[PDB]
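The chain below stands alone and is given as structure tokens, in the form deposited without this ligand.
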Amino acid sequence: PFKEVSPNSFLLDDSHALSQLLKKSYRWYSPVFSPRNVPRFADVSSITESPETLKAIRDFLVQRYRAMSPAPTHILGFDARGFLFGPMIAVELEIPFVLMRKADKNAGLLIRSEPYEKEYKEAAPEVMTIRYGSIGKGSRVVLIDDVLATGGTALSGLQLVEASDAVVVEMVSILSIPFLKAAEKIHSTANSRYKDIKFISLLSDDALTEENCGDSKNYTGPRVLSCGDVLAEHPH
């Protein structure tokens, strides 16, 4: 089950089968093998390419939301990795799957979020939106993304659900980076108006070690190879 690591922030007990499976299937990359500049970049492909792991995540959340009372009315996934997990859970619960995107990606009358100031060191957040009326009044929404890093996105999620006269059941993420203190900052930002928002993660990145690095060892070539340079490496 989920244990409380900090006020209103829960982590699946590392003794569960899903925690052990995610820990076994997940893969990360150093800057030399990733497109972002972070010590370790967790690849979601390592999960979606793992049929067993993908089915496990699907079974656990579905079982969780069916057993819940009252049951959620909507699932709001984040662009774009949240799109990979949201739908398969929705189709089983038979509830709508709403998309949170940037204004230039979404259609219809939109509602843009109002992000906060960056606390120095660049990394300016993004304005996210959802179609006005996608989430009716009195709806119980489950927010979902693959990784909870800084929380900047989840916050737009909460503001959007709030602005729609709806309630956030909980923000669920596959993996979390406890060092970035997202659950903490959100729970106390602006006089703790989001204190009650529950956070659940299936795995902590503390659990990801060297055994999970996907970097090709001793490789001294480019990261991106063209299609042609690869075709001529085998008779065709």
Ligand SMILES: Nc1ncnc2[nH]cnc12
Given for the second form:
There are 2 protein chains.
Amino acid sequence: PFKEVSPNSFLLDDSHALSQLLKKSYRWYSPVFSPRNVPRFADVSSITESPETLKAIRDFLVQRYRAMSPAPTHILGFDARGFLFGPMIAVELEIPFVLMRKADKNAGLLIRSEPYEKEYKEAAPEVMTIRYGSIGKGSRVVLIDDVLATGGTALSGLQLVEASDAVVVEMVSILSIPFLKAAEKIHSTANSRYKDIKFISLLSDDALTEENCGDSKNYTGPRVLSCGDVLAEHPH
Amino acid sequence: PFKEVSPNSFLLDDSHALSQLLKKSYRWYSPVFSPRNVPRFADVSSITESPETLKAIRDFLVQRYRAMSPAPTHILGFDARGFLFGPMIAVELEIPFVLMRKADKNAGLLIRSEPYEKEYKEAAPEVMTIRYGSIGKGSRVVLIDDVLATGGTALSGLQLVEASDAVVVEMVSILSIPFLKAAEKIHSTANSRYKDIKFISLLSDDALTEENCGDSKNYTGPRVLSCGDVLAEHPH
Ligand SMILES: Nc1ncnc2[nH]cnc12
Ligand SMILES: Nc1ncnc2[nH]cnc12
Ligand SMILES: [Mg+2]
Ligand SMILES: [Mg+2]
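The block above covers the form deposited without this ligand; next, return the form solved in complex with this ligand.
Every chain and every other molecule in the complex is listed next, the one we just looked at coming first.
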């Protein structure tokens, strides 16, 4: 079951088989071995490449929503890591999977989000969109992405669902980074207007240790190799 | 069943329930209503938002690979639309789902593709990657994306799989644009080196008509609206 770690922010109890499997499967990488400048970049591939882990996530969330009342009407996944988990859940629940993407990636008449201004050195906010009418009045939307870090896109999701005259069921993530206080900030911003938004995570990055480090030890070459270079390494 | 429309390029017979469902569900948009400058941009959302269609695709491809011999060992999906279909198939087949993304989106030691030089006015080629070792020697990889248009990323997929000392089972797409001759070009380029690569599609864009047009008729406003603008349209 989900335990309330802070107001309206829940974490799957670590005794659960899914929590255990995630802790076992996850691999994180330091800057020199990752695409982002964060201490530990939790690779979604370590999850999607693990058949047992992917199935465990699918089974758990599907059961969750089938048991939920009133049931969700839509799953809204974030480009692109949310696309990895949303469709496999939506296909079972037999509900639409909507895509939240930047305007230059989405088709049709779109609705764009209104991110807050950045905070000195703090990365630039992304304007995200959904096609106008993809979610209608009365819709109960489940928001999904792999990692809840700063929560910028999570906020875009909330804005888009509200503007659509719909309600957010909950913001779900495979992994949360509690240190970044995304849930805390979203729950207090603009006079606690999103105080009632529920956040659920399957694993906290605090559960990840050095055993989860995917960095190549004692490696001194480049991070990226060309196919030609790799081809030369074996008889072909 | 799949019919050979040209050498090593197969199209699902249009009598099939899946082909029919795709023709019914698909929605395309003209430039003023899309993010790309192509006559008819086939929106992947028209597929993912259709529960019955998404399930039909999942069921069909899963059955295909379970019946296949030797069976595929990996599913490699293209960022980001391939991420929408790959995981739901891989979870059933209980095999890894690998991600092909640009270097600045992927983690770990990566292998990058070597795209051909562009052709006057013809859009710039994308260097794509996969984590080194995500696919090993002996792996039989199924490549997936939603639309097979120019085939630039398809070629990146082939290069990455070959460099990994693995073999491509087939390049699968929900929709193909035969006019762009991606399969034909890939099958002849570099002295027919990829002649044996199989391409399969579930629907040809030739099946899409004006009835599939998602453009707002007699509309004169902007393509993108802000949440604030949409909020003003209803009581809140
Ligand atoms: N995968 C990830 N791990 C840690 N912080 C992140 N911020 C954004 N993506 C992240
Ligand atoms: N969705 C799409 N439809 C038509 N041509 C495309 N080229 C790239 N994506 C396309
Ligand atoms: Mg995001
Ligand atoms: Mg592509």
